[PDB]
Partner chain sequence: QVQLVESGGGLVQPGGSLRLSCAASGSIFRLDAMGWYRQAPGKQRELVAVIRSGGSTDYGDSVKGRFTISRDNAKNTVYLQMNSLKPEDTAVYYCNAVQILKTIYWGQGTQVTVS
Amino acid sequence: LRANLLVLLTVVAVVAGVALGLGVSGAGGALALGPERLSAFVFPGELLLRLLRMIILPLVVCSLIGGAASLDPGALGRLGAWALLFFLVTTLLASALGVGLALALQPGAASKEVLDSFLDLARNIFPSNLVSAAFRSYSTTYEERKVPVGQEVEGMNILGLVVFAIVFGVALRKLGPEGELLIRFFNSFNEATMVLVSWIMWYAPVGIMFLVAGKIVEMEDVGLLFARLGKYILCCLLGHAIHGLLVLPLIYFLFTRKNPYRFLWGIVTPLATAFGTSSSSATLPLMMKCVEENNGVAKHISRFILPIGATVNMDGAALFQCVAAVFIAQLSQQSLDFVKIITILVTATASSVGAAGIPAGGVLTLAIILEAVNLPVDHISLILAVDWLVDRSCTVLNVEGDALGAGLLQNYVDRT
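Assuming the form solved in complex with the partner chain, can you produce the structure of this chain alone?
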C-alpha cells in the first residue's frame, strides 16, 4: 500500500469530500452557511487550483523546448523517424475518436463568428508578445457601428506558448552543440519545476477533498452525477475498445497484410500486466520479451522502439483526456466550437507525449488541457474518482500501440 499511496489518498479524499458535502447540505447547507462561510469552505481547493495554474508555464515551456531540441536525426535514423510519425498519427486518431464519441454519446449532457474564431486561433498560435502570452490571449468582440474589434484579454495563451517552445527547441536542435547551454538551462529548470510539482501533489488530497465537498454542497441532485460519471466511463472504455480492437489492427493489417490478432495473442500477457499494474514501465520488460520471442521482432527494433514508446506513445491517455475535456465541457454547459476542439486535440497530443507512464499519469496533462480551453479544472475531482478504472484501460492501449508499431517496423525491415 506504500506504493500507489497517493492514488489511494485521492480516492479517500473524494469519499471524504462527498461525505462532507452531504453532511453540510443536510445539516444546513449553502443557504445556512452564507457566502462568508461558503467562500472560506472551498478555499483549500482554490489554493490547489492556483498552485496547479502557477506551475503550468515553466513546465510546458521547458519540457517542450527539451523535447524539440532532442530530435537528433542521427539518433533516430529512418526507423525512429518512422516510429515517431506512427506515434503522432495514432495519438491524433485516438484523440479524434475520443472527441467524436464524447460528442455523439453526450456523457455530460442532462457568440463569435466562424471566421473570427479561426482568425483568433491563428493570432493566438503566433502571439505578438511572449511576455503577454504568459497571462493574456487575443480575443475578438464586435461593435455595432457588427465590425470585429480584437484585443488581449485575461487568460494564459497556452497554445501560443506551446508553439513558441516547440519552435525554439527546433532552433536549439539546429544549433546543436552551440545551443548546449540553453538546452541544459531549460532541462534543469524543468527538473526544479518537477520537484515543485511533486510537492504540490502531496498537498493535492486536501484541496481535492474540499473541492469535492464544495461541488456536492452546490449540487441539488447528487444521484444524477453518478448517472453521468458512469456514462463518462463508458465513453472512455468504448473508445479504448475501438482504438485497440479496430483502428490499430486495421493500420497494422493495411501496412503488413498479416493478422493483427495473432500479434495481440502473442502480447496478451504483457497486456494483462499493463491492466493489473496500470504502469507502462512495469510491463515494458515483459513486452520486449514477448514481442521478441512470440512475435519474432528483432532486438535492435524492440530494444530501441518499445522503450521510447513506453514513455512517448500514449493513445489511451489521449483518448481519455479528450473524452474528459468534452465531458467537463458538457457538465459546465459550455459550448465547444471547432477552435476549442482543435485546441483540445493539439494540447492533448502534446500532453499525451508528455504524460508519465505511471498510474494516474494523465491527470496533470488533463488540467493543462482544460486550462488551454478555459474549462473548469475543479471538475477534475470527478474524473479522478474513477481514474483507478479508466487508467488501466489507458495503460493497455498505451502499450499495445508500441507493440504494433514495433511489429510494423519489423515487417518493413523483413520486406527490405
The other form holds:
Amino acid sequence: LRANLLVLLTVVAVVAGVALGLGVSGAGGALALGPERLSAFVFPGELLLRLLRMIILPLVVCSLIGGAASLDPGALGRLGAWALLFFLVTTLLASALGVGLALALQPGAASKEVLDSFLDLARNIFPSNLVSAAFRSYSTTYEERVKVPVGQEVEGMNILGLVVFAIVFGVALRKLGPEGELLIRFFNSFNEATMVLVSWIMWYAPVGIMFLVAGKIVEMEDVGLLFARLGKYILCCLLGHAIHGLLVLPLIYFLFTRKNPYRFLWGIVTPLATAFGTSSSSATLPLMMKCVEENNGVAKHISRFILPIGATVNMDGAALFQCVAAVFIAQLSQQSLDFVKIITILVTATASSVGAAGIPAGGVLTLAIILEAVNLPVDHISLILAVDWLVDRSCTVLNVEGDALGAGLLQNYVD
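Alternate state requested, the form deposited without the partner chain (shown: the form solved in complex with the partner chain):
Chain only, nothing else included.
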C-alpha cells in the first residue's frame, strides 16, 4: 500500500538519519566536512522545515474557519468549552507526571517576568493586526529607567491569535447565514487545496527528516558521551510520554467513553507515525483528520473543529518535556523545589504549551520562560537543544495523540 509505504519511509527516515549522522560523525564529522559542506549536508532538513512552516498558516486558518462555520454557535460553544477543559486537564496531568518522574528518577543527580509573559500571551490571543500576526508575535522587553516593560512585535508567527480569529470569523460566517456560504465555500476550497500541498510535501518528508536528524546528531559533539550524560533526562521524558499516551490518556478516554481506547489509537497509528517522523502536529493534521473521520467514525464537524485547535493549544508532550527539563535543570544546579515553585512550573508549562507554535524545535524557545520564572539558570538549555530532535519527536506524538482522543471523547459526549 503506497499510503502505508509513505509513512513507513517517514518513520524509517529517523533511523536512517541516526545511522547517517553516526557514520558521518565518525570519520571526522563536522571537522572533516567543514562549514561549507556542513551547510549543504544539513540543508535538506532546513528545506523540509521551511515547507512545513509555510503550510501552517493557510492550513490552520482555513481549517478553523471552516470547522467553526460548520457548527451551530451554541453547539460550537459547548464543544469548545468541553474541548478546552479536556486540553487543560490533560496538559496539567502531563505536567504533574513530568514533575513527579523528574523528582523520582532525579535526572540531574549527576529575562521576562511571569506576569509579563502571561500578558504577552493574552495580547497574542488578540492580535493587533491580522497581517502582522501571520509572521510576528508580541513580546515584552524592559527599559531600566526601575525596569519598565515595553513591548514590540518580534519575529515568529502568532499562530494562537490567528487560531482565535479563525474561530471567531467562522462563527461570524455561520451567523451570517446565506451570505456567509460563499466565504465558507471559499475557505473550504482553500483548505482542500492546502491539504493537497501537504500531501505532496509528505513525499519529500522522508529525505528531509533523514538529513535533519543526521545533521542534528552530527552537530552534536561526542554523541556517546553526551547520551551517557543525558540518559536519565531522555529516559524521564520518553517514559513520561509513554505513560501519558499509553496509560493516562487512554484511561481518561475509557472512563469518559467505555469504548476501547487502544482500538482508537490503532485507528490513528499512521498519523502518530507521521507525527513522530516530521515532529510537527500541523503536518499530521490533515492525515489525522482523515483517519479520525474514516477509521474512528468521528463526525466531520467535531473532528475538523477540535483537531485544528488542539494542534496549537493542546500540547501535552510540550508541557511534560518542559516540566521535566525544568526539574532536571534545577537538580543540576542543586536548587530545591517547593510546592510554590512546583506549582509555578506546572502553571507556566501549561501556558507555554498553549503558546507553543506546533513546529519542530518549537518547544525549546519557551523553556527559558519557565527557567526564569523559577529563577533557574538559562544556559543549561544548551544541553537540551542537543537532544531535542529526539525528545521533540516524542512530544509531537503525545501532542497529536492528545488531540485525537479528545475528539473521540467529545464526539462520544455529543452522542
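So that the term is clear: the rigid core is the largest set of C-alpha atoms that superpose within 1.5 Å between two forms. Residue numbers count along the first chain shown, from 1.
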Of 375, 350, 383, 69, Cα shift of 2 Å or more between these two forms on rigid-core superposition seen only for 69
Does residue 309 show a Cα shift reaching 2 Å between these two forms after rigid-core superposition? no
